[PDB]
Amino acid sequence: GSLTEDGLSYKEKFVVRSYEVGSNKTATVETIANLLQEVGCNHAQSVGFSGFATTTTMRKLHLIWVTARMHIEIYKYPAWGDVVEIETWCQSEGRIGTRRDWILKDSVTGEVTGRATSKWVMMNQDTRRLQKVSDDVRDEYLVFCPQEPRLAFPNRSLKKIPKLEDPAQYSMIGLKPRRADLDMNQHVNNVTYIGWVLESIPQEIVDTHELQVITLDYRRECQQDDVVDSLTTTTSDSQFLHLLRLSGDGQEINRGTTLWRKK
C-alpha cells in the first residue's frame, strides 16, 4: 500500500483468504475489521508513528490512544479470492479525541462496498485515566490529516446506544480470550469484542440474513484472565441491542447495535 499523492490518506489492496470467509464464501465482518486495523497500522507507520501508534509528545507523557467507538456499514462482502481496496485517513476532533475513517472498494469495479468510522480517546497508559487532547498533540496530527472535514459518514454512526435490560432474549456465556485473541502488547484485540457480540445472535439469523451495520462502544477492556457474557435482545430488516459484561460481577465492557437485511 502507500500514501496518496497529497500524503493525507493511505490506500492498500488485500486478496480475501480461504480461512477469512464464512458459509456464503464471503469475508466475515471480523475479517473486514482486521483489514481496517491493518491498513490503519500501515498508515501510522508510513507517517512516522512508533508497539503502540503514539506520537513523540505522547511517549513523553506516557499517553496512548484507545478506541471508544467502531461503526461499520457493509453493502457487499468481498468473495474469497476477490481484491478489495481500502482507503483510510484520520482527523482531529478538537480536544475530544481523534477519528479514523475508511472506505472499502471493489478494485475491479471501483465501487464502494463499505465504509467505517472510529473514535479514539487519549488515555494515560499507567493510571488508565482518560484525558483531553493537548495543544501539542493536535499540532502533530494537523500535518498528516486533511484540514477541511472529510467524513466517511456525511447519522447512524453517531447514535446513542442504550443499556440492555435483564433478562436478555439471547445469550452466550463463559467466553474467554485465547492467545490468538491478544495483540503484540498482550491486550485483547478490538476485533475479538466484535466476535463476542455476534456470538449471541442466533445461527438462524446468520443463516438467513447479512449484517449491514454494526456500532460498538468500548467502555472497558477485557483482561487476558477475564470471562465475558454476551447478551442480545431483538429491537425490531432485523435489529438487535447488545451488551458484553464480565461473567462474574456483571461489569459492562461493551454495548452495541446491529442491523441485518434478509438475503
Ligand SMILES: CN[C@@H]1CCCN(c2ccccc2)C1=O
Contents of the next structure:
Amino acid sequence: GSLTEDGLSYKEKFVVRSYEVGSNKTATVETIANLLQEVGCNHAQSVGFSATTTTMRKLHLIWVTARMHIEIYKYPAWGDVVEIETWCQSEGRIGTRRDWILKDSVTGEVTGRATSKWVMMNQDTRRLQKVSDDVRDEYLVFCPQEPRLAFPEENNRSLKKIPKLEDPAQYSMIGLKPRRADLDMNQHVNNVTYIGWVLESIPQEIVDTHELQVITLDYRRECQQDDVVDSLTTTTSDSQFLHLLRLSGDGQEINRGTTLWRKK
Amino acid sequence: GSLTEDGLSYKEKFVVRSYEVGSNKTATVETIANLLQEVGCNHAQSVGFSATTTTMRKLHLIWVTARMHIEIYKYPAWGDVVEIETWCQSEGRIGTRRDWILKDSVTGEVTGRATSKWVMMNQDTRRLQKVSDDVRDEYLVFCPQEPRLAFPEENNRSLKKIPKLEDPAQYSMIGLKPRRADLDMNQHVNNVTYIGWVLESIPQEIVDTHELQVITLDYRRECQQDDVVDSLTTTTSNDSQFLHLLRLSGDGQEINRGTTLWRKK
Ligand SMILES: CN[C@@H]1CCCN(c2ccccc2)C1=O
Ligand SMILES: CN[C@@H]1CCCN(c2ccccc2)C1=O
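Shown: the form solved without this ligand; wanted: the form deposited with this ligand bound:
What follows is the entire complex, opening with the chain shown before.
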C-alpha cells in the first residue's frame, strides 16, 4: 500500500484468500473488518505512528473504538482484488473518526464503505479523556482539513442511536469464550471478534437466505480473555435485528448493535 | 503465486499482517497453517482442480487430512515477506503427501517446513478407500516422479507414532465450540481450528516463556458445527514436550491426537 499523492489518505489492494470466504465463496464481513483494520494500521505506520503518538505514550493514553459502522453492496469473491482507501479526520475535542471506501480493483466501483468513531482513554484507569490541544496538533497534519465523509447523507444509518435489547431475547448464543487466535499483539480481544460473536445469535436460516448489508456496532466495555459472553438477537422488522453482547455472569453489557440483511 | 519452471511445484510470497501476529509481533502457527492451506489451494487451481479430479466428483470422493506436521525455526515478523514453495507426491495406493518449505524472502534461508498425509474418502459414507489407478493417473502428471521430501531425515519426528493421552490429563480447556469464522466455504470446520484448540490446553506461562518449534497432529474424526470439544494436555519431558487430545465433550469420542515441542526464548 501507499499514501495518496497529497499524503492525506492511504490506499491498499488485497487479493481475497480461500480461508477468508464463506458458503457463497465471497469474503466474510469479518474478513472485510480485518482488512479495514490492516489498511488503518499501515496508514498509521506510514506517517510515523506505532494505538498511536509519542506524547500519548508518556501519559499512557490510547485510542479506543466507540462505534463501527460497515455497509456492503457487493462482497469480493475468492480470488478478486479489492482496493481500500482510508483516511482519518478530527471531530473536535470528542475524538477522531476513521473512514473507508472499498472498491473493485477491476471496475473501480464502490463495493462497500465503513466509518468508525474513536475516543481517547487511559490504558490503565480506562477513563475517557477529552482530546487535548497538544495531542490534536500532532495528528492534524495527516488529516484533510475540509470534511471528507464516506457517509455524507443527511441523517444516515451510521449516526443513529442504538437501543438496549429487552429480555427475553428472540435468539441467543451463550457461553462464548475467546481463544488465543482472538487476541491481538497486546493480548486484547480485537474489535473483529465482537462482530463474529454478534452474528452468532443470528439464525442459520437467515444467514443461508440473506446477505448482510449493514452492521452498526457500539463498544461499551472490553471483554477480558477469561470472560464469557452471551450474544442476544431480536427481529425488529429486508430484515433488521437488534443485538446485545453481555458477560455470562453479571450480565454486564459489553456491546450493542443492529444489522440489516437483504434477500439473495 | 506461480508454478515453478518445471510445473512440478508452486511458489507464493505473503506479507505478514497486523492481525496475524501474536505477543512476540511474529506470525502465529495458525497464520502459517493458513498460508500453507492457501498456497496448496492456489497450486490445485493453477493446474485444473476444485483438490478433486473428474473421476472423484463422479464417485463423491474427497481428499481428507490424516496427519499434519509443522516445524518452525523462525516465525516471520509483522511486515516481513515469507515465500512458500509447495508440491505434492504419490505414496502408492495409501494416498498423497503434500510438502512445504518456508523461506525468508530477503535472505532466502529456510525459516520452517511442513508435511501432510492425505487419504481418499467418500464424502457421504465417510469411508476411506485406496487410491485407484484411474484416479492416480489424473494427478501424477503434476507431481515429481523422483522423491522430493521436505523431511528426508532417517529418524524424523514427522513419521512417529502418537499415543493416546491417559486420564487424568495434566492441563485442559473444556467447552470449546466452533463459530462461523471457524467454518470453510463448504460449512466444515477448518483444519487450522483444531490446531488452535490443541494449543488452548497449553498453559499461558509456557506460551509466554517458550516458542513452538514442532507440532504433529493426527486427524481421526471431523468435528460437527454443533459439537463441543475438550482439549487435554500432559507434559512428557531445556525443551518441553506435550501429548495432546481433542475429544467430544459428551461421549468422549476422539477427534484428534498430537504432540508439540517448545524451546526457551
Ligand atoms: C485510531 N485513530 C487514530 C487517531 C489519530 C491519528 N490517526 C491517524 C491519522 C492519520 C494517519 C494515520 C493515523 C488515527 O487514525
Ligand atoms: C491432498 N493432495 C491433493 C490431491 C492429490 C493431487 N494434489 C495436487 C497435485 C499437484 C498439483 C495440485 C494438486 C493435491 O494437492
